[PDB]
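Q: Here's the letter readout for the chains.
Number of protein chains: 2
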Amino acid sequence: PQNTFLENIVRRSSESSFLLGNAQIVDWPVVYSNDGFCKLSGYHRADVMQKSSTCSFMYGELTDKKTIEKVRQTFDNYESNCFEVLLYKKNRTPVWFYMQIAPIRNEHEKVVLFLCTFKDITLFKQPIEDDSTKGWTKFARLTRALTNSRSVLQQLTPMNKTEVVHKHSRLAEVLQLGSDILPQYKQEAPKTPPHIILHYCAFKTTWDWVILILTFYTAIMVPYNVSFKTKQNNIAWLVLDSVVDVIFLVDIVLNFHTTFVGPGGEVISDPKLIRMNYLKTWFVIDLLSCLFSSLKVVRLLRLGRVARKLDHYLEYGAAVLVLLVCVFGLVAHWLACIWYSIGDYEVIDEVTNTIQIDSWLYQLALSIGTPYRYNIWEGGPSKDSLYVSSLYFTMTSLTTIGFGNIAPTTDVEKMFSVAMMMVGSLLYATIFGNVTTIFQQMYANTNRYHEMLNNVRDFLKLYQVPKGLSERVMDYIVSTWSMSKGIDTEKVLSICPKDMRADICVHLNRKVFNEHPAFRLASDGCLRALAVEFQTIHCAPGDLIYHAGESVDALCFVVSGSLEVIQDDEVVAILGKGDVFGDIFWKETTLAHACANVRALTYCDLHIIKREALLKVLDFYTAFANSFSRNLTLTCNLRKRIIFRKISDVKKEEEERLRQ
Amino acid sequence: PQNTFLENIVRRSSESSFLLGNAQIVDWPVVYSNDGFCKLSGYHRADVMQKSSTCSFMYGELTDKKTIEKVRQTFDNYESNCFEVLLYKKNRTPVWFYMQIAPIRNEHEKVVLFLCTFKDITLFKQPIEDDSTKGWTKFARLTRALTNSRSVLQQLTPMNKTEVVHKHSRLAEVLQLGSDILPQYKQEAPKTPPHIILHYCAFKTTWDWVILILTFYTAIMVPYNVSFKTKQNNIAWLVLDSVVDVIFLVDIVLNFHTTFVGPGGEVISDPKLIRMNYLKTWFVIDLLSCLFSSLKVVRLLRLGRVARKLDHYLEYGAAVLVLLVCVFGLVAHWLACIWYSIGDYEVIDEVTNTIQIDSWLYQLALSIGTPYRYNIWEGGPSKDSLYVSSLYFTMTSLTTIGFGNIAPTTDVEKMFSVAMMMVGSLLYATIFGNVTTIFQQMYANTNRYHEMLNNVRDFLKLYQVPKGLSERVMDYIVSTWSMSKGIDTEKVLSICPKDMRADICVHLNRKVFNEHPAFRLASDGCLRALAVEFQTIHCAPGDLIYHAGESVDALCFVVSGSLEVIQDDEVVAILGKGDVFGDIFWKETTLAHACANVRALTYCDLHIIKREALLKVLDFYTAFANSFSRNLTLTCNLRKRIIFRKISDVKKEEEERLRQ
Ligand SMILES: [K+]
Ligand SMILES: [K+]
Ligand SMILES: [K+]
Ligand SMILES: [K+]
Ligand SMILES: [K+]
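Protein chains in written order, with the entry's author numbering: chain B, 11 to 301, 320 to 403, 408 to 692; chain A, 11 to 301, 320 to 403, 408 to 692.
Since the hints were derived computationally from the structure, they do not count as laboratory data. It is possible that part of the hints are untrue.
Copies of one chain are not kept apart here, so a pair can be met inside one copy or by any two copies together.
[Claimed, not checked] Listed next, the in silico DSBU-like pairs over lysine-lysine satisfying Cα-Cα at most 30 Å (straight line):
1) 324 with 76
2) 678 with 415
3) 672 with 99
4) 446 with 239
5) 499 with 324
6) 523 with 642
7) 61 with 672
8) 517 with 290
9) 415 with 241
10) 100 with 135
11) 201 with 609
12) 619 with 648
13) 129 with 61
14) 214 with 135
15) 648 with 672
16) 446 with 517
17) 282 with 499
18) 196 with 648
19) 530 with 543
20) 324 with 543
21) 683 with 672
22) 523 with 80
23) 282 with 201
24) 499 with 196
25) 214 with 517
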């Protein structure tokens, strides 16, 4: 979903000098300048920007005031016209210009920009200049000013009294561009020329699936008709072939309207190139396949379409397995057809008029019960029995089972079965390799988890870590792999450079920004920085976050669970569900000693930010630092001690005081 | 094993304002405050904490002194009562409050906290105020003070003379909460509602195994009865089916009392949701299976339970192999049943009254010796021979052996055996893939070791490292892989963020803390820092730790073996089993030159700490730095030289002195 607007303007331009300027802002500042206006006026594309689009920076002394009034009025209310003005270049050279103001609409019909096309008509008019010494100086400059608009555009009548003709041509140009000057500045979808269908359309995929099914049907049925002679010839079967043939012809015609995917880029929608691409790639095979025994067997070339279209599916693992099973079936069928052809050729020698005992057809006739008769020769098995027998034999010989009811006994059958085995071994090996790769795909991840589990267990066993601490480590490993399922956040967030990382981190830390009053006067950039700098931790019951002597260097926000801050074996604070603790880092500049132990009661969830990152962020943004200081109050400051004296000690010391 | 105490209090609360305060500490400081007390008094949950739970910070001028005496007495000795007091909000607004003090017991019946529930009865009493100008000001505030306790709690009789009714309701509320106010603050185990059994209980796993065995039995026996017609019908077999059916009905009833595991969380024990979950997931299959040929064959739907329950076992590698072997056996049995059904249907055409020679049953009858008789038709093989023959054939066709005694010869048998082969190829490929994955699991680790071994050997051979140094490198590689078995401590310790790392490191370095007088006045935090900062090394006989010019930058503790410090080819120190050497880093601030070579005599073990980490730790903790300086004496200081003059030189120079 691009926003191709400059590309359309320059494609339509044919070497123009458009001067896109903003509309909603006062004075209509210039936003963009083509590198054709840098030569028509001498102003580079670094000072023309942010200047008024009324060309107030090129208005001089003898400029027409009334044209200034007209252009001011045209800019005032949104309308398009055409004017001829007399401006000055960077060298204070008087030059006549043609201006073609036109507004450009937004997505929902709003004026956003004002496109100002400029043309040069210096040689086409009389630019009277005062600082001249000879008459010829009034002529040569005309050739100097106009070079790409005289010998290129209007050179058929470059002689006098043609100025009115030039004005008429300019008027015709400006009148017949009603919709060409408004390309609808908007983020639109890709567009295609008429009578062109997208290769990824909803209709095209269904057409491709239909073509695949029909190609499979042809591959199944053509060898059967070639080998078993069919010879039924109904009217309910000769029309299906014709329907399939006309469908394939329709597909050949329709493939000329397909958007070829570019070499690493995106779709290409130029009919002058798609035709040539198809002709050079795959117009010979398609024509040959869709054109006697040879004419009817050449139709197996339709598998080229299946080979071409199966590229995205071949990436997967199960799709290759299904494809291999299908080709296994088709190969078995084709070998069955060849085997029956051999068996039919071998029986009944024609030089003599006897029947061969060697052929598998005669042995099959003995084993079924229907023998041959007559001596022309008639009898034998039915037409279904022959095909079922052939398929059964070629399936015994491809799966490496080989029962032995139907087996080669003639010289030709043996040297054909040798090739059958040579092909079948490779096919079977391919299937086995695909299956084992498919299994390894998932057992790789499972073994990756179990290897870490076993390594941790063996490390704990080796260094004789006492029971009660090994159990906690094992439970933590199991629990974290159950919760996260092996998905590491850092590896995923390393990808997607820092435009989606900030948004993802803001979403992850939404519970400490939405439900906390401190992060309420923060700009988007500051929130992005804080979100990418927090990181979060998960606790377990009994785990300690800070001990009695650790250095507090992180502000911790509690979003789930409950914490217990205990000092001198006495509970002094209970936290949970929206409490912040730690130390006041931004105004102390000294790491302190955690005065109390912070234990976890239930399964907690903390969003802790390190000291250095927080200080860096608060130093970069000044106003937010003041807001953060004013609006944040820690519910448990782990720097100062709470002074108290226990009741049991009071009662114990009272007795001693009474004694003395 | 959570400590859900606040959750129980807030669940029982029904929008109360409990004010949990400590008990063992004098004045009973407030520990936790609900975010319902921040509006009943205006005190935020940042200044109410660490204040006396006697509400001394809200006691005003006209507060009842006698109620103060009662609450002081109630806090003095551990007892629970209820009082009505007249307190002040943050805006000095007189407000009547109901206080419901109650102690909370520890695990072993000890008073720990004092829960003080508060209620507002402002509109329910007459709060006389002095700073008033009109009578109506005495009424509107009543609507302002009470909003969530008048229109929500008591709105059925909001008229005069109902104050006594309100007092009676309050007394009834306080009297009938004897056990609800004491949730036994304690780290307890998960609890379940009555008549609910844990899904991981010791009984549930046995029940699941029994159900698995019975499902396997049904899958084995139902097709046999369907296909071979059985027709024995004893009284010792019709009751086993009934017993299994009632057992499965009992299981269907009992599965309504199972704790479903939450989506990523832990068990869910709400009967109103487990029932709906079971009904939506798996109540149709279970009902259909446990309900003619169809009614007796639908029982194979019981395999859904096996499919569901086998999720944790499917992770392993050998369990999948056992499952695949079992399904191989069951598939062979089912194909045997189908094969016998086909063979029985084919023999003896019923249109005529003859016997078919094609069927495998007739060929089997010929090969055994028992033929068919009569022409109704009687004879043939026994009932055991038919089943053994069918199983043998379908096992020859699944293992890709295919002897050929029993093989398809009829049209139906061939087109059934084709499907048999199509299934068997995939099954056999699956088994092979599983086996090779299982082998690769362990050969991956073995090859990982051998690849490093070969790389080291080839690197030593390539750069022609002289013999006597390559041998030492190879011996070190072999010895360290024998001792550690490929278990890297750093990779294991990277996991388990810094709460178990400190404990593990303290345990690993226990031999330098317990058996050394220097680490005897160290707090837990300092020991944790030192333990996580040491790292340890293993030596070999002949290896040198420090040379004659290296920079000493580590304090080394010897815990096993013996060291030899030699200077000028003379032994000047022997160390071992509790000796510390190195340099005095904390008061020199200059890296020195090791004055002597420290060789290893036996297989040593050192716990060496780098200079930077030790200095950082000793700079963070001040008192421990003084204790460490006072209590540590190095047995071999590798900064100062020992001045000595050898005896052999004395004797040699004596002769020269006598000569001159
Ligand atoms: K075989
Ligand atoms: K294999
Ligand atoms: K094989
Ligand atoms: K065989
Ligand atoms: K045989």
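Q: None of the hints should be skipped; say for each whether it holds.
A: Checked hints:
Proximity of residue 324 to residue 76 under the C-alpha cut-off of 30 Å is found in neither arrangement, the shortest distances being 83 Å within a copy and 102 Å between copies. Taking the shortest alpha-carbon separations for residue 678 and residue 415, neither the intra-copy value of 104 Å nor the inter-copy value of 89 Å comes in at or below 30 Å. Proximity of residue 672 to residue 99 under the C-alpha cut-off of 30 Å is restricted to the inter-copy arrangement: shortest distance 29 Å between copies versus 74 Å within a copy. In this assembly of identical chains, residue 446 and residue 239 lie within 30 Å of each other by CA distance both inside one copy and across copies; the values are 24 Å within and 22 Å between.
In the homo-oligomer, the alpha carbons of residue 499 and residue 324 never lie at most 30 Å apart, since the shortest distance is 79 Å inside one protomer and 54 Å across protomers. Both within a single protomer and between protomers do residue 523 and residue 642 lie at most 30 Å apart by alpha-carbon distance, with minima of 20 Å and 24 Å respectively. When the C-alpha separation of residue 61 and residue 672 is checked against a cutoff of 30 Å, the pair qualifies only between copies, where the shortest distance is 16 Å, while the shortest distance within a copy is 61 Å. For the identical chains of this complex, residue 517 and residue 290 are inter-copy neighbours only, at 26 Å across copies versus 50 Å inside a copy, given an alpha-carbon limit of 30 Å.
In this assembly of identical chains, residue 415 and residue 241 lie within 30 Å of each other by CA distance solely inside one copy; the values are 11 Å within and 40 Å between copies. In this assembly of identical chains, the alpha carbons of residue 100 and residue 135 lie at most 30 Å apart only when taken from the same copy (20 Å versus 87 Å across copies). Only between protomers do residue 201 and residue 609 lie at most 30 Å apart by alpha-carbon distance; the minimum there is 23 Å, versus 52 Å within a single protomer. For the homomeric pair residue 619 and residue 648, the shortest alpha-carbon distances inside one copy (13 Å) and between copies (23 Å) are both at most 30 Å.
Taking identical chains as interchangeable, the C-alpha atoms of residue 129 and residue 61 lie at most 30 Å apart only when both belong to the same chain, with a minimum of 20 Å there against 70 Å between chains. In this assembly of identical chains, residue 214 and residue 135 lie within 30 Å of each other by CA distance neither inside one copy nor across copies; the values are 58 Å within and 80 Å between. In this assembly of identical chains, residue 648 and residue 672 lie within 30 Å of each other by CA distance both inside one copy and across copies; the values are 25 Å within and 23 Å between. For a Cα distance limit of 30 Å, the shortest separation of residue 446 from residue 517 qualifies neither inside one copy, at 57 Å, nor across copies, at 48 Å.
Proximity of residue 282 to residue 499 under the C-alpha cut-off of 30 Å is found in neither arrangement, the shortest distances being 78 Å within a copy and 40 Å between copies. For the identical chains of this complex, residue 196 and residue 648 are neighbours neither inside a copy (40 Å) nor across copies (42 Å), given an alpha-carbon limit of 30 Å. With identical chains, the CA atoms of residue 530 and residue 543 are at most 30 Å apart both within one copy (22 Å) and between copies (25 Å). Taking identical chains as interchangeable, the C-alpha atoms of residue 324 and residue 543 are never at most 30 Å apart, the minima being 71 Å within one chain and 57 Å between chains.
Taking CA atoms no more than 30 Å apart as the test, residue 683 paired with residue 672 passes inside one copy only; the shortest distance there is 27 Å, against 60 Å between copies. Taking the shortest Cα distances, residue 523 and residue 80 never come within 30 Å of each other, neither inside one copy (62 Å) nor across copies (63 Å). Proximity of residue 282 and residue 201 under a CA criterion of 30 Å is satisfied intra-copy only: 16 Å inside one chain copy versus 55 Å between copies. With identical chains, the CA atoms of residue 499 and residue 196 are at most 30 Å apart between copies only, with a shortest distance of 23 Å across copies and 68 Å within one.
Proximity of residue 214 and residue 517 under a CA criterion of 30 Å is satisfied inter-copy only: 26 Å between copies versus 39 Å inside one chain copy.
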